[PDB]
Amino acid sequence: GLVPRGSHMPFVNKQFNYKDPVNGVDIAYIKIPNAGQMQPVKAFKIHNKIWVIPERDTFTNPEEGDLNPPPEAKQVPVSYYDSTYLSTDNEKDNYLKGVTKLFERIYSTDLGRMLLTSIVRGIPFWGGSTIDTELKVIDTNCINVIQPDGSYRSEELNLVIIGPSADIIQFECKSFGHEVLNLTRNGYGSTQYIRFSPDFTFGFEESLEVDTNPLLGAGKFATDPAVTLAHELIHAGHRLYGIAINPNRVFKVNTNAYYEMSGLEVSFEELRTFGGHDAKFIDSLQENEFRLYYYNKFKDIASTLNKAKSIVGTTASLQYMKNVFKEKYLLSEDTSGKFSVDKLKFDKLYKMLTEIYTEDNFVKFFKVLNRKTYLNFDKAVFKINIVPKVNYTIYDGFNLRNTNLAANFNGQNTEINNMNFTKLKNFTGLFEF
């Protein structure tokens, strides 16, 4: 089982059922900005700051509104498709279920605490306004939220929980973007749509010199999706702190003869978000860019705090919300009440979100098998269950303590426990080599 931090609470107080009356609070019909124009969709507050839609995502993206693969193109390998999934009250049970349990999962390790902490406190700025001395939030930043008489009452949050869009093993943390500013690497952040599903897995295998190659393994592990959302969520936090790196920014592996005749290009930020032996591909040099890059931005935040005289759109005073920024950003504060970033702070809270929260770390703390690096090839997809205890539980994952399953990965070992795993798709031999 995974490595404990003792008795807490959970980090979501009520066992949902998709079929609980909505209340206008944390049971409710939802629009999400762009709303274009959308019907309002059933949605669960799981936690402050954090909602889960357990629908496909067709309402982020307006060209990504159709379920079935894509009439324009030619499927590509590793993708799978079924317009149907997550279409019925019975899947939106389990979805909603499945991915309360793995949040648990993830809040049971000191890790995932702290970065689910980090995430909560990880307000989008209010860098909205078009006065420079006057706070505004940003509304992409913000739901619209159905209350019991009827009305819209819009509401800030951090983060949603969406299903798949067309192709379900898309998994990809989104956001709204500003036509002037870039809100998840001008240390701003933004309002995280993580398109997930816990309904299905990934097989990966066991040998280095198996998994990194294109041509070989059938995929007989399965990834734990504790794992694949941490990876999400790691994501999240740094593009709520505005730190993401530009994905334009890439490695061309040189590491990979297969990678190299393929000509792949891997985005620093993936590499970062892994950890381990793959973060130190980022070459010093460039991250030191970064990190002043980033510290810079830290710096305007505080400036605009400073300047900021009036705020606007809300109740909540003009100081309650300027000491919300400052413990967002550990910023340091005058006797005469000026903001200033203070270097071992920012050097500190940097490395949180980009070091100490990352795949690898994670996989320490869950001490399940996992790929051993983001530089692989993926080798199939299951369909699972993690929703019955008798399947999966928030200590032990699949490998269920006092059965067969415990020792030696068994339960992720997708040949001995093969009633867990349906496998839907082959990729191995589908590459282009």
Second form
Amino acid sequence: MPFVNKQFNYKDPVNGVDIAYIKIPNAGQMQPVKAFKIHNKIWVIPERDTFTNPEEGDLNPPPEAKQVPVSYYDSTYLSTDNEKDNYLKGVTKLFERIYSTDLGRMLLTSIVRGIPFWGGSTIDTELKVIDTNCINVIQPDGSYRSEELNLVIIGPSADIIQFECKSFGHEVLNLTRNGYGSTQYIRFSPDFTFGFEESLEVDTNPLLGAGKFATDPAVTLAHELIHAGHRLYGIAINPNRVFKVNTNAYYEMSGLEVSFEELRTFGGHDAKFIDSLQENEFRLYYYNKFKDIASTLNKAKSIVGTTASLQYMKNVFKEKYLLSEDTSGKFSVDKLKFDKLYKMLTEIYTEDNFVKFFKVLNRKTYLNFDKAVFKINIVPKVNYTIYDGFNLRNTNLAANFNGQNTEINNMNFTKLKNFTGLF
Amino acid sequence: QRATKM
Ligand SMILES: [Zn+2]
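Which structure goes with the form solved in complex with the partner chain, now that we have seen the form deposited without the partner chain?
Now the full complex is given, and it begins with the chain already shown.
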């Protein structure tokens, strides 16, 4: 019943199947890293991400006089076995917390079904996988075997608090925006969280508040999983399409531009900053991408490789994109079905909706200002649980989000840096 | 992406 059927320990011996040393397709060289497959199509790599981007392999913090306002560096974070063990257990607990909600179960199901499209063939009559949507797993005999996967949770790069989805691109294809999808690498840490303010006028002001309440890391991970869902279905909105914020004087004086992809992901009132005209534009655009996929599938008459049959892979994608199949076995995109899936991935799976399911306090808008970063430890059940997060039932932390109150539940938070007033 | 940069 649990999402992760094995309570992995970082030191568990490698078996070459779900506990193994692997290498990722970063078009470069790297020493194998120990990884854990926590669920079908989902892996966790308890390492700082110095792999997805060649220019971001240095965890060393530049001079203190060259540090931005909201950022946090510590080259030693996640370098020891105990830290990696705690990282693995923390990420696992958050997946269980997310999976324990109906919304989380829906999202994770969509993610597992969202296999990156097999669009690596240059011949229309053949269906082929794209190598960058796989990892190379070292087998018991020392040889490498290519395994397709949808999601990888990895530690952050140099800036510890810069969580985000990273994925390998294609020479000609925009995989996260052409309906294809690509394996998503989420830079994330369950060992830190961020403070926010309970009053909207304070939370959205760069000069006020110290970060009284702590964001539940399950919401933070869910946010990235939402992006991952968009990217896996190839419907992420080009980051160049932004809302030149004009609803917050502080954002304006700084000329802050927020991508529509972020507003969509947060949901709630934020999503309304994307006007109906633009909303319809994107819906049509991605509908067209799904149509291109149906056409590509229909042209494929043979499969490349010996991993799966063509009929199986066609069914995989029929299910992923909810395509319609006629007598001849030809695929087509049904407008109704597309709109429904598109809406599920973009309007149902949102940060604001997850807040409702977790019953936690959270920022009310993405258009606010960070207050502080705290060190936390959610592994001990006396600190955080799958079902209550920090707001432990039958304790003084159960009511009024007292568990998230960093002043009341001070033993669970250590402020590492204040951001207020630095902007 | 966790935040806008600020
Ligand atoms: Zn985001």
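Definition used throughout: the rigid core is the maximal C-alpha set that superposes within 1.5 Å between two forms. Numbering follows the first chain given and starts at 1.
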query: Conformational change between the two forms, one of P247, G313, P77, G276, C-alpha moving 2 Å or more after core fit; finding: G313
